[PDB]
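Undergrad: Spelled out from the first residue to the last, the chains are:
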Amino acid sequence: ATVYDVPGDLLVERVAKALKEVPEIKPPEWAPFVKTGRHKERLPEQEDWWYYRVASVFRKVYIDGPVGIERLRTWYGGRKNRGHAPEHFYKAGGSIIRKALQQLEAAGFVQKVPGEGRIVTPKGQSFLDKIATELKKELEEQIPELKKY
Amino acid sequence: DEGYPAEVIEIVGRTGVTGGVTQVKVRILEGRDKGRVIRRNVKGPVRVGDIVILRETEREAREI
Amino acid sequence: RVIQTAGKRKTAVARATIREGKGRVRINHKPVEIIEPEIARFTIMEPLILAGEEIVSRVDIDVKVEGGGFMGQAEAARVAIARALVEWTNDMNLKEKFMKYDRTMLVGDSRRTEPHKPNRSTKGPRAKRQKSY
Amino acid sequence: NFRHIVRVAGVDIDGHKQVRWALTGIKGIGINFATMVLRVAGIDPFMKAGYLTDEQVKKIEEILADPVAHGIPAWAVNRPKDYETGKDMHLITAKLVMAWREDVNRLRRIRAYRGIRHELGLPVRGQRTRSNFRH
Amino acid sequence: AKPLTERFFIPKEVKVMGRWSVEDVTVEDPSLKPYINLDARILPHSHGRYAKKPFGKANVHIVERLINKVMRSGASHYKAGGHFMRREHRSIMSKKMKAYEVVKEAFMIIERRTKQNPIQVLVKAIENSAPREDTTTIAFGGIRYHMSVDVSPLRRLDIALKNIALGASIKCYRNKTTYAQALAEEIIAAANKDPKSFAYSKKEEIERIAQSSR
Amino acid sequence: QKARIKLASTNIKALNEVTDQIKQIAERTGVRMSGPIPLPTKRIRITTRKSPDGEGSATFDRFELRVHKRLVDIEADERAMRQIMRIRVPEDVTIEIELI
RNA sequence: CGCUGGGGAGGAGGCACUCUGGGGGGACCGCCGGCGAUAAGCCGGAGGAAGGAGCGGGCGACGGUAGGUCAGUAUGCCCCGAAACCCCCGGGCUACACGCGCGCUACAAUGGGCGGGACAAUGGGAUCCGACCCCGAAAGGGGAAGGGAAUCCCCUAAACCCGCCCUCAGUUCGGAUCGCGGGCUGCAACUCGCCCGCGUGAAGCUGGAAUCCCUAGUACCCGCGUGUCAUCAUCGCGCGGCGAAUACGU
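Protein chains in written order, with full-length UniProt numbering: chain A, 2 to 150; chain B, 3 to 66; chain C, 2 to 134; chain D, 4 to 138; chain E, 2 to 215; chain F, 2 to 101.
No lab work stands behind these hints: they were computed from the structure. Do not take every clue at face value.
25 Å max Cα-Cα, derived SDA-like pairs, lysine to any residue [as the list claims (entries may be wrong)]:
hint, chain 1, residue 1, chain 2, residue 2
1, E, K96, A, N82
2, A, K36, D, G45
3, C, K124, F, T48
Please construct the entire structure, taking both the sequences and the accompanying hints into account.
TA: Right, dumping it as structure tokens:
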């Protein structure tokens with residue numbers, strides 16, 4: 002019924018499938034020629050990765066809002082194979098996250114607090130709870146102990 | 003080959019050059035010699051009441 | 002009524018609340034039935050399976066955990082839940098069952114780390130550099 | 004319908020493989036640049052090569068010829084700001100080796116530290132040679 | 002991909018991992034009966050306890066023992082199968098998650114193939130891999146002999162489990178075969194007395210040497 | 002109006018002295034107080050090497066300076082402020098006062 | 001928000017739970033059967049958050065080692081005193097046929113990659129930490145709240161779980177070495193600095209004789225502050241997360 006009652010990966014898939022019917026969310030010019038982080042070597046192996054990215058950003062804003070573009074940069078980082086040198090954690094880049102948040106605002110799913118992160122609007126809060134109610138109505142057929150929630 | 007049970011009764015002491023062996027007294031409870039307590043070396047942690055499997059029933063061991 | 006309770010484990014504290022209800026158990030906003038992984042899920046569910054059906058079917062439980070890894074959190078939560086169940090039911094039968102099964106359910110663990118010493122400080126107090134001769 | 008050895012410019016590749024890895028066999032073309040080429044060409048990089056029509060082969064080679072005109076970004080290219088033309092450009096196979104050689108030779112001609120090191124066969128990027136670099 | 006009905010499992014009774022019974026099992030070896038723990042439980046995880054107490058190895062479940070013997074990194078400073086198996090970063094050391102999953106898939110394959118209970122199968126395997134005899138070096142008058150000495154029921158188990166896990170680690174080194182499948186093969190062979198079992202091989206080798214030195 | 006006093010020192014006895022003094026001066030008069038409130042202790046650690054040369058195994062020397070802190074709010078009544086500023090504080094204690 | 005019962009954010013207002021830091025209790029072979037000697041103590045067993053100097057540390061004697069330090073300060077004799085004193089401006093300690101010590105990275109599946117889900121602690125911060133917003137593909141650039149340390153920042157750590165591709169191959173292992181390009185710190189980056197993007201793709205397929213570290217929240221494995229610091233950590237001192245195997249001896 003609510004976001005906190007279903008698994009995140011499933012929810013993100015079921016939300017990214019719908020993010021495409023929304024037209025204000027489109028990949029930019031440089032999406033195919035770009036790597037998702039200094040901490041990476043090869044490019045994403047999917048053609049529709051932008052929408053998964055923006056769904057994840059939506060849901061992280063929901064959960065941990067108000068949140069700005071450094072905590073998400075940290076959550077989208079990892080350890081870099083540096084060769085003969087040993088491994089260290091490194092942060093991602095700050096154009097993908099920013100363009101995603103701008104497009105979400107254009108669609109009206111998030112708003113910026115003046116000086117404190119960024120948050121969800123009521124319709125942005127409706128979208129996810131709808132999708133989660135659907136996914137839960139589905140899972141309750143396989144996990145018959147999910148009804149009480 | 004199927005051995006013969008033997009119940010431990012008394013720990014005598016530790017033997018061996020390194021100290022990983024233990025001389026012990028055992029009584030038989032299944033075979034041609036049920037009774038006939040004997041002395042036998044034993045490798046590993048052991049405690050009284052335990053029960054061991056013996057392949058040879060006549061190979062009584064040395065004292066210490 | 003309401004009963005509050007606590008539970009500890011290495012660099013981890015859990016606070017639990019219990020009352021009358023339907024049978025729901027949330028650990029930090031997400032239900033137990035979908036906790037991951039399974040090795041951390043069985044740890045939390047053990048007392049709810051031991052207690053039984055007619056006892057848990059009529060209680061709603063809530064837990065908030067903070068600090069120290071998924072295993073620490075799960076154990077702290079199991080401890081809190083068991084203490085709260087006993088405080089709420091008042092059954093020495095349940096107490097003895099839990100203590101037979103595992104006594105740390107109600108008598109928590111008391112082990113923290115040991116500080117390190119100056120030969121290989123990162124590795125630990127008793128790991129040391131390799132000598133040469 | 005299926006082939007076992009396709010022939011992109013000069014070089015031959017393994018049709019039993021995916022295209023992004025089969026194109027990795029042309030010196031000057033990695034996995035990332037291969038992915039970019041295939042995306043600007045309109046081809047799934049997960050299809051087993053061999054199902055590659057001369058249509059697609061010709062398109063890929065014309066791409067490789069002039070990448071910055073088809074929109075390959077100038078930064079994602081082998082040789083930006085060439086010495087005597089500007090003209091951020093790309094080089095594969097037979098052209099590449101000659102560029103390396105000509106660069107090192109012009110370093111040698113002006114009697115520079117890097118060219119002298121290239122001659123003697125020693126390191127060039129500031130490493131320490133007392134305990135390692137043993138033949 | 003696992004189905005959801007297995008990715009999200011919820012036990013309804015007190016059975017090992019919530020799936021397999023432990024009361025129908027049996028043991029006919031009296032020397033080991035009191036050292037094989039078959040208590041009805043769900044999660045076989047003891048967080049290090051029962052280790053500093055000398056005989057704490059008798060209150061732990063054989064399944065947890067096998068799991069902690071599975072948490073291996075090949076063999077160092079000695080050799081098994083004719084090679085050093087040194088990994089150093091790719092090993093499941095301090096990963097009971099992965100060890101649990103391995104033993105789970107193993108018992109799955111065993112139940113699928115044998116049509117019996119994997120714990121009963123494991124008990125018979127441990128029996129048929131339990132050595133009753135070994136060697137040692139005793140001294141009198143200042144010379145070194147080589148004698149045959151009986152082994153205790155607490156060390157028999159240790160060697161059996163160690164050898165099973167070694168055979169598993171061996172059948173999987175740089176081959177298409179997996180750790181779980183190799184462990185299942187090892188257990189089946191040890192139970193059915195097939196020389197393909199590192200464990201049965203080692204047992205017969207030990208007893209042979211000892212009978213010789215007798 | 003309220004006044005907030007912060008106290009820091011390497012000695013617990015001076016802190017207890019000042020606390021007792023202001024607590025009693027505020028009690029004998031009619032003023033609702035606050036505290037004493039303990040804040041966490043600040044530890045300055047320094048690990049150095051003993052030998053002045055290189056030779057010899059490495060034996061390290063760990064020095065520590067602990068600093069204890071206290072906080073109070075006193076409500077800054079008519080005479081309370083002027084009778085509290087008239088305190089005889091040792092010179093091993095750092096006392097500051099802020100009006101809110 | 002569904003099936004109407006459940007679920008979150010402010011704010012008042014409270015300290016109950018958590019936590020912080022002051023004082024105090026509690027465990028002593030004390031009770032219970034042996035052995036020894038009727039003593040000293042050891043061993044069962046009981047009871048007990050914890051048992052047998054509870055656990056981890058600090059302080060380390062009379063003296064020796066002609067052990068190391070005059071290149072940390074202090075200090076006697078000789079020596080330079082217009083130099084061997086005191087400043088600047090450029091080079092070197094980074095030079096390389098080789099022999100050794102300590103480590104890092106690997107030689108695969110007990111895994112590589114891409115995409116998504118998670119959970120810490122210790123410590124530090126003035127021309128210092130910098131949230132939040134905006135440019136740039138990335139490295140990085142321009143504004144700037146708050147903070148003089150339970151108030152703000154550095155800080156959503158990694159190993160781990162899920163789904164797809166690779167399926168025992170010098171490879172989607174490995175990642176040195178070289179080329180073209182873009183930037184920071186600094187009075188000055190060739191000699192001789194760190195970082196980024198695209199290409200190139202070297203030995204290595206588990207290791208002889210020998211040898212080292214470790215007894216419980218310990219070792220193995222995973223990453224994190226800090227010390228040095230105008231920049232630069234494969235190092236030192238510490239921090240936590242996951243977590244065993246064997247012996248209770250000679």
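Undergrad: Checked against the structure, which of the hints given earlier come out wrong?
TA: Per hint list: zero violations.
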